[PDB]
Amino acid sequence: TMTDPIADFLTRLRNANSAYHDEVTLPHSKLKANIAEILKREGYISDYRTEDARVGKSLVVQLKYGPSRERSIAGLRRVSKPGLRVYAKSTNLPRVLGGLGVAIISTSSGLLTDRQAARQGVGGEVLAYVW
Amino acid sequence: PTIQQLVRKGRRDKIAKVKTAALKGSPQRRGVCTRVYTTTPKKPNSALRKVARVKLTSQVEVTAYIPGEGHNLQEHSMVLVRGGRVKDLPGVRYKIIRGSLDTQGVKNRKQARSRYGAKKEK
Amino acid sequence: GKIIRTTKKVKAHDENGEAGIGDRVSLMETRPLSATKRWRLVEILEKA
Amino acid sequence: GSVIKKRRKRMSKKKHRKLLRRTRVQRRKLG
RNA sequence: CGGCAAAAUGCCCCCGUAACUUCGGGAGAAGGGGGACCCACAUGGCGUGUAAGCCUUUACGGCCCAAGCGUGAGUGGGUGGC
RNA sequence: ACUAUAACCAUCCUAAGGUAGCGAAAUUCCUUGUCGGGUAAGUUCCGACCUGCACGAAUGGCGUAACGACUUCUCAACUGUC
RNA sequence: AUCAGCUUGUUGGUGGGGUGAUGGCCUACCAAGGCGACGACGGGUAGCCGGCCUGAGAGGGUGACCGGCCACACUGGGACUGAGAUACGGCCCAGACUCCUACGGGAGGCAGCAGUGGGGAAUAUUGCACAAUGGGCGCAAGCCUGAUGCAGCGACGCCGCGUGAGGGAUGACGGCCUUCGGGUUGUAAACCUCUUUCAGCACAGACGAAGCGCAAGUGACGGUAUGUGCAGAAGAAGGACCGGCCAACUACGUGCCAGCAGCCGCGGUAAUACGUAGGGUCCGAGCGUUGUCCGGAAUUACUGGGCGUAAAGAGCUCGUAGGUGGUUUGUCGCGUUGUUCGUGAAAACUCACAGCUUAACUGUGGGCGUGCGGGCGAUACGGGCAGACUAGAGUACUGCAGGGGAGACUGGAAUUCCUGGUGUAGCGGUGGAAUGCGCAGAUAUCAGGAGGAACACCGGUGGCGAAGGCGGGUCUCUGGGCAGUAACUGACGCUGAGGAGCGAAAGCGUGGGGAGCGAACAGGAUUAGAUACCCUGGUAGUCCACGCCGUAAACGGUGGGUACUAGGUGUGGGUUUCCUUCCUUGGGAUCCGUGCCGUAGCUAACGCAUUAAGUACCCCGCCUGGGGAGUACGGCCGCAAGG
RNA sequence: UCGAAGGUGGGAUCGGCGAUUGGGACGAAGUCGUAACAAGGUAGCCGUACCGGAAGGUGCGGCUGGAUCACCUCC
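Residue numbers (the authors' numbering), protein chains in the order written: chain i, 2 to 132; chain m, 2 to 123; chain r, 50 to 97; chain v, 2 to 32.
Take the hints with a grain of salt, since some may be wrong.
[Unchecked claim] No more than 30 Å apart at the CA atoms, straight line, and that leaves these computed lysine-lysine pairs for BS3-like:
#1 v/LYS19 / m/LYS18
#2 m/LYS88 / v/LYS14
#3 v/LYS7 / m/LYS15
[To be verified] Partial list, computed: chain i residues near chain r (C-beta under 10 Å):
#4 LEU64
#5 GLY84
#6 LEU85
#7 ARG86
Think of the hints as simulated: they come from the structure by calculation, not from any bench.
We treat Cβ as the ideally placed atom computed from N, Cα and C, and that holds for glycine.
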């Protein structure tokens, strides 16, 4: 059965990115929408919107490609997963691509990046890495 | 394996083979020569290797190799043996230390003297 | 690093024996009331 | 995979079965 | 010729019992502990069962039952002998 | 390839040349065979060897728990068996 | 777990007792509990820690010195005194050992400091002082202190210093090599100056003592450190290695020897690998060897590995404990996270500073002490609690395909045999023959009869089943799958350690049956020999019933579930729009299977590739060089084979 | 009463020796044979059963990790 919706979202993104699709659709949830918000604000995806589906609602994500058709996402990794979950304090927050990437952290203040969490002095669960 | 499989069974390291079990944790042992004889090595090489049968103080009967050119070992001769393998001989893991106890340093040696128990010329 | 759930049995002391099997009860530590008996029943949060 | 490994294993197994056959009564009487 | 013949063990109640096995056995395996008398618990427990009492389709009825009679087993203390 | 035996070969005869298993045996003469155990000392006893005078598969072979006023050997206890 | 059961004051209660104190700590009675696969109960090993070593870190190994806690004091029990007792230099008893005895009886305990013997590869003086610090008694002076402060011995370790510095040549002698020219040792040497560190001699000489003492003095170290003079380069260098890893090569000697070696491998008269000499390199009061631990080793992979063919997917399912879980609302603040308080001894480590002539070393002040306990804040995620939803899952209804399974009955062809005709002299078999059958009438041919087993064509890379597997026909009973509608429940899902069931063939038991085939076994042939291949016979078995076994190249050599990632083309089952004859694989769309080719991607390669070996998440099984060995021992299972 | 040591008894469990006996590893050149690798001269291997001096042979079922399929006339 489906165990990790977040990892399934990340793999849909990765598979669409490898296939040079301009479009990727998936069932909607609040957490996935928040991750889409962070990805868009950090400039990794072009734009996202949420339609409605036959049963519930869908999430639609536009993949950003450069003029010469080079992908704007180099990698997508799921860090904390069901089973082994990863939490980090405000001081040992992870670095992605030596700081060139972004780590998404679920704090009690919401979804933040590694830099935002470090600046606000908070910790939480390390959801994923984007670079 | 899965993380759950790890927490259930864990990782077991490989066991280490004990070397020179006759020494019993000592760098050297003293023994008495049960029999002093000679033997022939494995096929690719050929010589008359000099080997002594030593009964150590750890109550283990062990076959030891005699380095150097000439030796003065006979029956009932107290020797000090160390660890060291000789590739040619199949089951020899010990060498007799020259210049300790009954065994004498080699004669007319001028290089690597400390490894054969030969004093400096006066 | 995984979170592991472990279970442990303690022996509590209730005077009137109002607690059946399956009830969420609350305990508080106390001085040894016998061998192996170190807990005192405070109250039953919810019966079952 | 080479059939050499199967051949080595089968020779070992065949020899063991032959040994078992040769000492059936001796084993039964000793156990 | 050979433990032949003798001697020895022997009961009851507890504890505890090996290889092997065809799972039934072997087994009473082997090995060990107590045993007399008096008193108390004890007008106890158990069996029986009369009067009393209760009940009924009332009789050659059922239940219960002090009294009486019979009787173990245990526990504690004491007594005597090799 | 020391010596020893012979996995192997040749040859004669037969209906076929004894397989499994066991073997100094209720079968073994030589013989108290040889080795090991048990004893201070063991021609008996137990284990094994195989050179089976002259074992051998329903005149069954090899084992086998339980059983035996059967035969054999050893130990404890017990004793006028001594 | 090649140790699955353990426990009877044992688990709880009541009354007593006992203790400084609670408590089966003890006791009487009562109840029958308590622990255990989250590993009880056994077996083995072990003092624990701050720390130490290694490592980039995680981790691994360790518990020497110093510091804290525990345990013990010849072995085993016991109490006494006391505020406090494992009472090391106390007591009682028993025991072993050693000693004295007038034989009646007595004495002793180095795991305190030195020391002795023994064991061992191996570890020191039967030293000085209470001057300093700590401790006991005393009002105090003071006394005691093998605690302690010092010294002695051992390159055992770390650190520091010296063994000389400047000048000195067509570069002396000697050595060694040589192309016989010369080159190298080599600025090295010889010589000319300079300086004396450290040692040696002489002189002076401490701090440690704002101490102790109401006496006049008081330092064990120690006349040491140290300071100043004197003389003179004068008294001061070895070890390993030099084929590659891995800095550093020539000559002579020897010849598969003697020997070397960590691995690869070197010794066969011209060895840069043996031995020795020149030269060189690396270290240096050291240099090597052995032993042990970490690293390299991502080679147990949390960080940070794998399982088609290299070792590795259980033969396949069901399912227990466990692990894990769709969308959404509220709440808790258990995890998570922020902050604060207490603690995390000192020493050690690290940063900075200071003091020893520097360093080692020592002191001071931060950090560290990755944790735990209390309060306060947050609610995204995980979890709990209370709800809601339908996309997962399941039910309902309507259809559909099928060698799915079990039982009963039954059909035809062919083989074999039996009976009776006709009919003769061969038949059969092979690469070629012979055993064999037949002349007592065989083979052939025709008719009739008995019996068993397997089901031609359909029939395939086609269907069904979890796998093993399943097709002559009919009937009875029965399992699953798919499609459509979406009526219903509303997360009821997934995986599954152990466990249970099923599981080809062979084999085993009991009872039947037995045509063909056919291990074993007989002959014949081939062969040098044929315990085989080939031929003729042929018993178990193959078949049925009821049970055991529990293995296979049980293979797709590919565990299950889920989502996503170009296409093209066959074929099986079902729904539906449009060409429309609507006959037609017309064509399309969609769901579920089953093949082939092929992108991206993956792989050591072969190859896989929407039926993944691609991209990911959950759960399970398994691997850790090859043999020994899937074997021995133990155990469980089985009638046995054996698993 | 409890109680160390001692005595008696029947068992556990860990090792050593053991006459005889099984296999394993290695050993230039011994003996016997040709089993496998090329279709290895009977394709090989897996399970099982029987048999054989030995490798091995044969039966039943299974797998491909088995080689060769020339010419092939109509279109």
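Hints versus structure:
1. v/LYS19 / m/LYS18: 34 Å, violated
2. m/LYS88 / v/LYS14: Violated. m/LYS88 to v/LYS14 sits at ~34 Å, over the 30 Å cutoff.
3. v/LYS7 / m/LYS15: 27 Å, holds
4. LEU64: i/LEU64 check fails; min Cβ-Cβ to chain r is 33 Å, beyond 10 Å.
5. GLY84: With Cβ-Cβ at 6 Å, under 10 Å, it holds.
6. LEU85: This interface hint holds because 5 Å falls under the 10 Å limit.
7. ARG86: 7 Å, holds
Hints 1, 2, 4, counting from the list given before, are not met by this structure.
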